[PDB]
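Given the structure of chain A, go ahead and fit chains A', A'', B, B' and B'' onto it with the hints provided.
6 protein chains.
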Amino acid sequence: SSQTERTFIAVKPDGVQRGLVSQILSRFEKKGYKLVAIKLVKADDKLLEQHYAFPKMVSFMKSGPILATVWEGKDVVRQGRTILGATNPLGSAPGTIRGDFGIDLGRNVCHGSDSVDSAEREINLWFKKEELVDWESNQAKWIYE
Amino acid sequence: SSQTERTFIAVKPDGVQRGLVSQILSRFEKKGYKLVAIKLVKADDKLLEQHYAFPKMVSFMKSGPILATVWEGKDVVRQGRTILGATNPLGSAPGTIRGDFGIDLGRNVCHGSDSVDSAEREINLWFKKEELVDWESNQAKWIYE
Amino acid sequence: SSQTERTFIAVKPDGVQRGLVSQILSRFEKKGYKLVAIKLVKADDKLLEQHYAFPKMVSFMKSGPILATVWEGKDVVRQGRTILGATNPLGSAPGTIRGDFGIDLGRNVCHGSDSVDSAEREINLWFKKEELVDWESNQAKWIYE
Amino acid sequence: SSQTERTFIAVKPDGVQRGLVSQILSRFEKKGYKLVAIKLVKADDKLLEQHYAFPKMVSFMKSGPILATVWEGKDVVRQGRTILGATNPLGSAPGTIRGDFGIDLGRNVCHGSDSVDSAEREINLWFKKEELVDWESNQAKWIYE
Amino acid sequence: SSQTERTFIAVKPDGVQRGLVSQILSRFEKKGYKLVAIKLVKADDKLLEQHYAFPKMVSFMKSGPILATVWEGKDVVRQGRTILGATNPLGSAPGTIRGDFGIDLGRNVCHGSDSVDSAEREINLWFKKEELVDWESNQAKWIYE
Amino acid sequence: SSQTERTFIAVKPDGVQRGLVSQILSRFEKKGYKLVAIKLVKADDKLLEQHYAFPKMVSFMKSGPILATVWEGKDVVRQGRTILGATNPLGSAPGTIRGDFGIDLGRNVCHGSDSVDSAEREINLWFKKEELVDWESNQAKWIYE
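Chains as they are written, first to last, in PDB author numbering: chain A, 2 to 54, 62 to 153; chain A', 2 to 54, 62 to 153; chain A'', 2 to 54, 62 to 153; chain B, 2 to 54, 62 to 153; chain B', 2 to 54, 62 to 153; chain B'', 2 to 54, 62 to 153. A prime marks a further copy of an entry chain.
Same shape as in the complex, but just chain A:
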């Protein structure tokens, strides 16, 4: 079946500085989703201005390292957006990453993709194809029909 959908989930640098890394990675791991690539990176002037295809928002993203990850699994993009919660923390629900950890729209802990098309372009910017792993998750057989 086509359960090879992959979204891009990155922990913004507030996230990272605040210590929320392992915590955020939980919600994905335990849902049954598949970590497929991951790196820590200080964002580039280029890398960035190409991403967000706000003069102050720039040097925020540069101001810390960023945990860039990629997660494979069915409906992972929408489920990702779900797990993160409303983009403005002040209206995302508890249980979600934004609603558990965030307050400011501007410091909203992480980013996820909003479309299969969004994700795919986003991943290929942030990672080369060599960098991405595929294995079968042992749990696959029990996770999916």
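No lab work stands behind these hints, which were simulated from the structure alone.
In silico BS3-like cross-links for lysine-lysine, where the CA-CA straight-line distance does not exceed 27 Å:
1. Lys137/A' to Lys70/B
2. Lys137/A' to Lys43/B
3. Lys31/A to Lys82/B
4. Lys31/B' to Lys40/A''
5. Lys137/B to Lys82/B
6. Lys47/B' to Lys137/A''
7. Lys43/B' to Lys149/A''
8. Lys70/B to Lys82/B'
9. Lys149/A to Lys64/A'
10. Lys82/B'' to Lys70/B'
11. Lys149/A' to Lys40/B
12. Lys64/B'' to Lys149/B
13. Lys64/B' to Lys82/B''
14. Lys70/A' to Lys136/B
15. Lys70/A' to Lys82/A
16. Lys137/B' to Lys137/A''
17. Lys70/B to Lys149/A'
18. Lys31/A to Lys31/A'
19. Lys137/B' to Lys40/A''
20. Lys82/A to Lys64/A'
21. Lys47/A' to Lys137/B
22. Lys43/A to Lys43/B''
Using the frame of chain A, we list chains A', A'', B, B' and B'' on its own:
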């Protein structure tokens, strides 16, 4: 007061294989609900065809053991359904068992009852009356008016 | 910026007896909110009849100690109400304090303020101005734009 | 390989009343051990006097229900004793069930077996052979050489 | 029985700034111990020089607020020291507060008393007798013989 | 001060398949240690035979992906070994990664370095110097004297 409502909450065998047992039992324990019976059981051809009163769904349920439990407490049936979340994981909310751990409608980790009438028939199938314990939960006095 | 909003969050004595203290304080701590004062107190006939500006509800509140706290941060009042969840536990959602731990409207584990005006009057009743601490939360710079 | 060792782990009725069930079952589940049977039971005058092969200790054990479980896996008996910690809570280490949750030798939350011989006799008393499930844990292949 | 022993457990200001409050309070709550008083306080030149009955250590303790608490229960002082772990984090064991959260002897997250005599003098300095609550913990009957 | 010590902590492929990633990364994050690089990688015949400077142990390490990480902080190497616990799971203590999650010497969930010299050589094999990030951890000032 009539706070003797009892629902049937079973961890389907994905649940069990996936390691989600103690985890699922938390959400009930800590809500204040009362474990009242529990067993691990490999489901029967009979036991099953009588339960679900899909040719492939059968041998799924047989394919692992099942944690059958019974939980007493006020509005426990509806609260159970609430705690488990939407039956299709892809639209149940985070904070719920299905939304935290599940992806596939077909592998949706556990089952709960949908009616007082559902539960009561369900329990009496899955357990004999001798097997069910009653004690007073120490916490009762602080849980309820 | 005016992110000095402060709500009053108290753990009712069910909360306290039931062991939910550290647990409830988590949801606030980890959201990024700032503990600003805290005490354990057995509620007064006076202190109370002035608060709730039900003959049985009185001696409930007297029947255990109460954890009174104050939390500073942006939109903290509404976010507090959000974190606690619907006041009737039987309709508050999982992920919230009431939906995770509560069943009875009458034993709903904690109280939070419903207005900036509510909170401010509530705090000044429950604490003197000397008792309240201000420090800058180290995490402030990463929590807020 | 002979990784079919099984110990008996029961949550004493303090444990149960105190809400420690799911919590205790975690430490076993997540270690990789295999739940193999489980029931809730109010202890019998007979069942008991045969177990502990103290006049006040009797009616303690009768005073609540007991969660009896059986767990399969390599070196499970000794690892069980390890996870529970020193039998006197006041000298068991944190990280263990007794050191995390217990204070009184007399209220030490749970019991585990001390020998393969202890366990086997203990299980056959507490359960019939029909009641015990075997399945292969999906995780087995990744847990063991 | 004399299970009225009380130790003083304070979260140093690293602890507080670092977000470890609720977390630290867990280990005590869930062990079965009784919160008996608590306040947030910026430490005094006087209050301090009287406590520690190092010129740089002074203005560290002043540099944040401090969570002062008092906890009642049997052998609570020694069990407190146990839960905190070795005073130098680099040799305290995991499972303890210092071994889970700490690295530097100088930033060792919290303080606990080392003697019944230590504690009692320490509490009376840090709190007045009015400020301390006694209630019976509901769980007492299940915690103690 | 020289608190720039860095150890290599990798989650072996049991770890990864078993879902222990976020979980393992916690113990490091929350201790105050600094993630400094991270990648997911399927191990190479070359990369490996050069690492372990057992014919069956080879194709085990190849049989899944591996989470390679690097963590900076004082005494991080020894504290790493501490957090992981005894290399044989059957004698590591609870609270440690090996004692919480592991049973078999051969499937012991993760690897850590045993020396500053071990680590440094290990990191330079597993990562290029470009791949490693340095930022100051916001929490540094509160973590260290």
